[PDB]
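Before any questions on how it binds or moves, here is one chain, the form solved without the ligand, in structure tokens.
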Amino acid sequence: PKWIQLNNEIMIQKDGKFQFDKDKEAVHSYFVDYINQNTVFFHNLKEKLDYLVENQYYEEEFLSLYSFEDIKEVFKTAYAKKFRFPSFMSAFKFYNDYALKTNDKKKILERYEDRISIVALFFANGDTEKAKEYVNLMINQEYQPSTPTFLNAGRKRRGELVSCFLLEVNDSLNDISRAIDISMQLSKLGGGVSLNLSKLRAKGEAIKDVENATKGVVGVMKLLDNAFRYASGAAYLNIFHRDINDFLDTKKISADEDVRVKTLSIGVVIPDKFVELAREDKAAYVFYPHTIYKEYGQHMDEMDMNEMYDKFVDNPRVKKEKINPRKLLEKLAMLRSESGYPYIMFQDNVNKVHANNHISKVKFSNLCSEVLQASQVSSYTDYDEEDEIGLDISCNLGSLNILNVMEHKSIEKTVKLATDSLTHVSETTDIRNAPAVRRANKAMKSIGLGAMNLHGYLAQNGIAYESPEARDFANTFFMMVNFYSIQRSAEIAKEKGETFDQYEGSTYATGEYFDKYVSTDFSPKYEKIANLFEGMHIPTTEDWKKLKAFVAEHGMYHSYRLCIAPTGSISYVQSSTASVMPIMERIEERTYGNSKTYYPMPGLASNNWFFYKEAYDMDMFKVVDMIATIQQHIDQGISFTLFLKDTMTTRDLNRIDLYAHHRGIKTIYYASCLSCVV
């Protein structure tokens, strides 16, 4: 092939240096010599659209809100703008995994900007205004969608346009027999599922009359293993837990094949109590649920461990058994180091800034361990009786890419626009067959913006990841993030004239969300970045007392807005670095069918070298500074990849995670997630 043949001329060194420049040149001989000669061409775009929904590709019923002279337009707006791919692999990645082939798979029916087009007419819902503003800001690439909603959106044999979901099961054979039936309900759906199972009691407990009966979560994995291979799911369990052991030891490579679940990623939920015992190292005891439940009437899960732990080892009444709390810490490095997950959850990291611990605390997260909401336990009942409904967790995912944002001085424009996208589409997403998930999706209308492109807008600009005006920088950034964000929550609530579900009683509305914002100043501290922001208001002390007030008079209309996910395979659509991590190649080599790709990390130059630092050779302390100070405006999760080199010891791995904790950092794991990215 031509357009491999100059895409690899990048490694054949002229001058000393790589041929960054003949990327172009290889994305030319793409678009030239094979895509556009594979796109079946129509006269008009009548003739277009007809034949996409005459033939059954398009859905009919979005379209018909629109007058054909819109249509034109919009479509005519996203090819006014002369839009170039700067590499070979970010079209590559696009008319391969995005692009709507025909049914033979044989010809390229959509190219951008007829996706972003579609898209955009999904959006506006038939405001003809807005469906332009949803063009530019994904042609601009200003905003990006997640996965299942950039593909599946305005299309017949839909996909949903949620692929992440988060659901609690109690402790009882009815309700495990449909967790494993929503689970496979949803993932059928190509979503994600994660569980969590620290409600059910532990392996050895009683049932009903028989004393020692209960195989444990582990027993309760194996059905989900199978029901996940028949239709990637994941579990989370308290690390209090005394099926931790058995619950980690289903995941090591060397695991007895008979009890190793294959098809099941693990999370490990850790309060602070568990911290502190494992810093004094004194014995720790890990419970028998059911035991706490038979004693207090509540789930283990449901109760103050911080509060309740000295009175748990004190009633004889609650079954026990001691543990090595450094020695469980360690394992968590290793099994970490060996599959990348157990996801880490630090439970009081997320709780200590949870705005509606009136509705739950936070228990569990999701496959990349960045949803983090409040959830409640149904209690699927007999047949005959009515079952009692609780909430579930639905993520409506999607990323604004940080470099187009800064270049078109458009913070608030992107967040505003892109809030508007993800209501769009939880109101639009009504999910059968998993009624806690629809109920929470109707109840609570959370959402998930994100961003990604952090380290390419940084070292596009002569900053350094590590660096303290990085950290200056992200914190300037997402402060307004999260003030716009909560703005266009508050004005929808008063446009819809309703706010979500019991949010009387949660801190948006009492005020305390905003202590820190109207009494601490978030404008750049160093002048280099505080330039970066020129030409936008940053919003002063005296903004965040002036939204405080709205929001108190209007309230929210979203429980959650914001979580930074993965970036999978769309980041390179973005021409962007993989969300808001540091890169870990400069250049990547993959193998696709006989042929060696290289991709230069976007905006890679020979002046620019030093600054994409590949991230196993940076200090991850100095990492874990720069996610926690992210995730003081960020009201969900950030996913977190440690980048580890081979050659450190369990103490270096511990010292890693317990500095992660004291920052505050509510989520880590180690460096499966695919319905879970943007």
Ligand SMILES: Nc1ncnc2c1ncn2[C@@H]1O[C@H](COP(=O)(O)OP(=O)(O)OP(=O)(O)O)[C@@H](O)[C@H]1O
Second form
2 protein chains.
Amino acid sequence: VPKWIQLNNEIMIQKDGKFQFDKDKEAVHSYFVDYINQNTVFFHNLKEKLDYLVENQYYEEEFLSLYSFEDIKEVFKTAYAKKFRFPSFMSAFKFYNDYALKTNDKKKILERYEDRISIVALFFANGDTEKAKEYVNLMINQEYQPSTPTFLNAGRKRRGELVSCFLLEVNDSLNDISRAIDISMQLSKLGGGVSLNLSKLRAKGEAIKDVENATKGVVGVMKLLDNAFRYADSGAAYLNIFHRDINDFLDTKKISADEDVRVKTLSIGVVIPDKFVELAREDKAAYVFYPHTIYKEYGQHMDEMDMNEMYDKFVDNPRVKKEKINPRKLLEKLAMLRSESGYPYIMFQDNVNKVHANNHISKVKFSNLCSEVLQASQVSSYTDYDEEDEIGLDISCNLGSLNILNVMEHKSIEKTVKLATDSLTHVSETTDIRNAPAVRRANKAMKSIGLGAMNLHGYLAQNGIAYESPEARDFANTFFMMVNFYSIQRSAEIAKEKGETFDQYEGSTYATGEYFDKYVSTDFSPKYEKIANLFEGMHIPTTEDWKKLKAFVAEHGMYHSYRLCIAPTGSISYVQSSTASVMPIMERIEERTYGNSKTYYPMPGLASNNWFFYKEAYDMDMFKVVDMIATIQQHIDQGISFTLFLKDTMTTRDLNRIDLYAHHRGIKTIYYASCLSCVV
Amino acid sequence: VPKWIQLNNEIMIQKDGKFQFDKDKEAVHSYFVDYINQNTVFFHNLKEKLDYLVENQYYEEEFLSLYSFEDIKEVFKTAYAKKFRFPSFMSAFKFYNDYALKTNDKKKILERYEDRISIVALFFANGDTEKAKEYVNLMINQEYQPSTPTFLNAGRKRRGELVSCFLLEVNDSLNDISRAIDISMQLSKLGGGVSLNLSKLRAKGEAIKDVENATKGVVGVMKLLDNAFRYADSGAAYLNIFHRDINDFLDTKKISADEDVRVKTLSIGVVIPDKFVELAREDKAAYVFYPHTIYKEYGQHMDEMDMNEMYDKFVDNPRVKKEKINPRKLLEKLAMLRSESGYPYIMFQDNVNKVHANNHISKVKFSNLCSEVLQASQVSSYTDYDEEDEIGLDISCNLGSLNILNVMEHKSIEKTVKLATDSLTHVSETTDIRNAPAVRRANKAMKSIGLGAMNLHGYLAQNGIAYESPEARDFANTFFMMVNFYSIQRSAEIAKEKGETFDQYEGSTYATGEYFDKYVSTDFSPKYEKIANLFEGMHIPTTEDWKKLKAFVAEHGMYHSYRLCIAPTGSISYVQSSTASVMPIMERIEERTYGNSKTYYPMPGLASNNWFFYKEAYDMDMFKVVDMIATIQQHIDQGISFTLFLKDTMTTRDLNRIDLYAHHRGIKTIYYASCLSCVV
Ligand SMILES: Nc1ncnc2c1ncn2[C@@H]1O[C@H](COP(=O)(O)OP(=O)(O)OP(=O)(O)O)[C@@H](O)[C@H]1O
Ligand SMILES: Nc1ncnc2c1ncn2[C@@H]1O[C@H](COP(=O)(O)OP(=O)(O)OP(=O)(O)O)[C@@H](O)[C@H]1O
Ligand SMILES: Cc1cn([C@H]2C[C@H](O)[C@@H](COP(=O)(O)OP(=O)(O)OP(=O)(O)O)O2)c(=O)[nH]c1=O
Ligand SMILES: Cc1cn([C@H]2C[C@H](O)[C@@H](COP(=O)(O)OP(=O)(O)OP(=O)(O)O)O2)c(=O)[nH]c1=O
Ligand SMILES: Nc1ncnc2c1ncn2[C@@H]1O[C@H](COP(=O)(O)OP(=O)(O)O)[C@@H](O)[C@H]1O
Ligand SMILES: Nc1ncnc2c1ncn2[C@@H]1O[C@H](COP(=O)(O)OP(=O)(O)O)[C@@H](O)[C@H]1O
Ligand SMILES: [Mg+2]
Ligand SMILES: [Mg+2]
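To test you: the structure above is the form solved without the ligand. What is the structure of the form deposited with the ligand bound?
Below is the whole assembly, all chains and molecules, this chain first.
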């Protein structure tokens, strides 16, 4: 058993009662000098390294060719100038086991951390050598982390798609179902996670033409999708809670389910308008609807109408077919299923669209895997083979997360947010998906990105602030207001520079101006002195700066229809020495076994004299955690991946009280603690 | 219990030992006077009937509008002039329960047998009132029976496709698999039976791009197809026996199969070149091949190359990957599976293509459900969404069967064959399938039809000839030679009249002339005096008439790439008072229960003094039955649906001896005794 593993397990052998947290600095030193350093191919020079990597199909050629090799050498030297040392064993382990380029035979390391960062920065900068240096520092300071699809692939031959997160609308016809099956498979062969809105399909037992009682309904299309995802080497289906098939749709995921209905590779999510929550609160018997009878009567997809305005009219219209259900028992059933499987992802639709900027394009109708992406969409119609299709707007999103601790310690909220936006914008412009025409069309027209944040708990706990305190909410209120400020500002700058906006920008609340109402009348500077000191050295936007930005946006518009969303962070959390996303930590010390050995990872920064501040999530009050997320969500234009952390000692009514409280506080999406393609 | 059922069961109460065969004439009289006649809507006049049926969406309007109502009345009167009486209870039962148009609420009969026949004849004739009368007599004399898709639908609103039999090629890409899934579903929603050739898909464990060992293989695509056929309200997959996946492909249909592999709605068929039979005879270890390694090496689909010429070259080529198998044990496994499920359909490919007329278009590579359709085909390539597709040639076939007994007693081999061809040609020209571009293209280009025959055993047994005798083979040799003669003659006539041929006709053996070699040098007039007397009154073509037809075809060409094939006959066998297809009968008297009552159907014509001639199939020598089919097959340009009738007392080696003997005699396809869409 290796020496680095030796020192690693010595953390758990207590000294003066204390753990041996410093042993892990030894373990990662041992892991390099006695292993990594000896399986890293080392070349006589960089040109020899790069020439080898281009000539052997490891790297791509075009992006490097945009630079003079004297400039490529300066960029690499910038990365190595940091003298970056991993502070823990598992952080270095996760980079070399999951991200570092290895040889085709997988026996030696071709990339150090500085090499992958230099290649990504050379790709983002697209010829601008100084910008590449700017990107190298931002990544080697660990201020920004592009998503794993982007961070892993950039500059590689045999490179997978930089974007791996997709959402699809499906129209109510056999042509459209067949095309969604193929798009699902085409995106999935590229490694994408695909989420499909099934709310427009007609329900079980609806007419086809004049044959009554002929439709298989939503579950039939889930069976076909489940199979498509099996064949092509993970997907999701969303359903509106007022769809008649909602119960059958949920039942496909009971672990006890029969195999006549069992769907096994599909996540599910449920979309809940306000009208449902009112009906469940009132314990009033509610109706769910056969969507095609609504279509034949109103000429519109039920999915495209406002259920808060239309519910009573649908109930009274005799040509609309409906079914009675118990809303409380359905709500309880959602709590049960989430205990089984984490999902169904719950989306509070009116909490999304109350503050949505682009309802003019459409209401937000569904979300992606782990449910942080919230964008407008319009269904296509794929017509008969001899006829022209009508291409709508699907959704794809390009993700990255800034690292809150290093952004605060570098006092670089503005510079990081603007640079990371530039990088996400470059990934969006170099994407061309084939065989998914509405994804391709929406990416050019909407130009949407998703910048997030990680290390919230880590940063708070290392500055003596409990995750559940009002001080923590006061830090989050200001920090994410500032992120949003410079994000909007950089998007308007790019709009002025390029002279374009996203298509139909002028219909958005950014153009009509009401997006800015709370920012020009309410101050978001800290209410607590100790929190305000954290921001010393950085200007905090006032209502006057917001007024001038409102005016700026009014003149130049905006390049991006959406900018911010907080995805989960996977393995890369280790590499960044960062607590996952904006969630509280789950364990103070993780014990995981790898190859007949046990490894220990204490939370980034865990010391004996801050132990109290790394409070484990399952011991926290979820009603206070909801308060924190609702605070961040004010300043995030899309969504926040939000897992509740619950003891099995929770009654089904305690669970629904959390649900109702989340809804009350304006939370957009929620589930309980397969998303791999849609995580940073 | 009704009176017709009363008299019906009295057949089985013996008199002087004899059965009471005449009771069934009473039973069908009782069934009319005491039931059918009282649930038939009767109108004051025909115009009142027709106007009702057009105004209430029962009938279509366009085809009737091509006639003056004075002519529609003459055609109907022609049908009723026959005074057609069903000779048995079950024959009338099957027409009114399965074919006669009932009201939308299914409570009364809108069509007598004379009405359905008049409507079909008005449709076939397409305005030619005299031709409609010709069609009415041919159908009411029960000389010709169009297939159930055609006979049931013609002239109806909400009418299904007249053709319901389709065969598809599938190319080796995800694009093509997705398109085959959609075509399968589009054809299947129209009621079609769909057969797909899977021999071009690469095998389990082949490369995708440069990822080695990445393919799911043929079984993965069967799982998706199985699901497509489930969703859309029966299909078949064919595989060449030299495909590496052959064993896994067969195993999906073991009744004991695991549900990780179980395919439940798909028939299967196996395509066997001569080289395999030689290898199994020699008990020599044989190889099966990974098709993509052959493609990467030879630039051609293994499916498109001649395995008899290429086998040894494939084995020696080191860049071709193969696997060893035991051919005898594989042959035995085919016998086992056919005992379980009737299928896999076996196709002896070189027996098909030795005599195929259009190898210039392609070799025949596979067949349909119940395996009588044998036509050339060329695979499409459905490319990326933004790119043009390359449309090949799929197959669809329009079926009908003449009724041998009534054709002989009317001495009308020529008139029936030529008229039935006209009708099948009209169904082909009025088909336009959407969402299946290679089916649509091949139907216009190939103009293929499939005219068959029924009542072979019935006719033989009623003329004192045993199905297994050399006299019976001598009658079949002549009768089907004459069918083929007038079929080719009428196709050449239509070619002269229209001035067209099927596309690329001049490459066929009809054009180069060698199709006719045996007919200009061998005489097919009867060798037995008693058989020759059966043909008295009809001219039997001589080698001189064949020489003049050869010359005729040479000048005018041919309209149809294929003309003859003998499908099974389903329920319509009852309506025609006919033994099924060209098969021997299975039971002298069928006992079936319907609605708490037992019904008896003696074979059409079964009398006590011909009992010996209605020998039951399971008591016959299958080696003699093979001899009969091989005799008919000489004069049929496509195939003959051929079920072996076997006792469970057959060793697995007895079964393979039949297989080898069928192959020896030139049989094209065979299986053991779901085809509903591809039966007359
Ligand atoms: N395998 C490798 N071998 C050598 N340098 C590498 C390799 N991988 C990355 N580099 C980086 O390339 C940069 C330039 O490397 P190189 O060895 O060519 O120059 P040097 O000898 O250090 O300095 P100079 O180019 O001024 O002589 C350095 O920052 C080095 O860390
Ligand atoms: N429901 C029906 N009522 C009447 N005739 C029908 C009906 N269905 C079919 N027919 C057929 O329509 C044909 C013409 O029928 P119709 O009753 O109009 O004429 P008719 O009185 O028998 O003779 P004519 O037209 O010379 O007076 C007949 O052959 C009849 O069998
Ligand atoms: C063909 C078919 C469709 N469907 C579903 C798919 C769609 O959600 C829905 C409608 O299919 P469509 O393909 O739109 O049918 P249609 O256009 O012929 O008829 P209509 O005018 O009523 O739309 O029915 C089935 O459930 N089973 C089937 O076999
Ligand atoms: C994408 C994909 C294809 N396949 C099968 C379908 C086809 O039979 C075969 C090839 O798929 P293709 O779609 O043709 O793949 P490709 O063109 O990218 O690669 P190549 O040049 O090697 O053709 O692989 C799978 O088995 N699983 C998959 O996930
Ligand atoms: N924690 C670490 N993170 C990254 N690289 C490391 C780490 N520890 C050791 N290495 C690598 O191993 C080399 C040998 O380590 P060492 O000689 O102890 O440090 P230094 O070179 O700073 O004196 C370092 O130069 C470095 O490239
Ligand atoms: N075997 C049968 N096949 C068809 N129709 C029949 C049959 N038996 C009776 N019918 C119908 O019932 C009617 C009443 O029968 P019946 O009066 O016995 O015969 P007919 O009218 O020839 O004297 C017939 O006109 C005929 O339309
Ligand atoms: Mg439709
Ligand atoms: Mg390919």
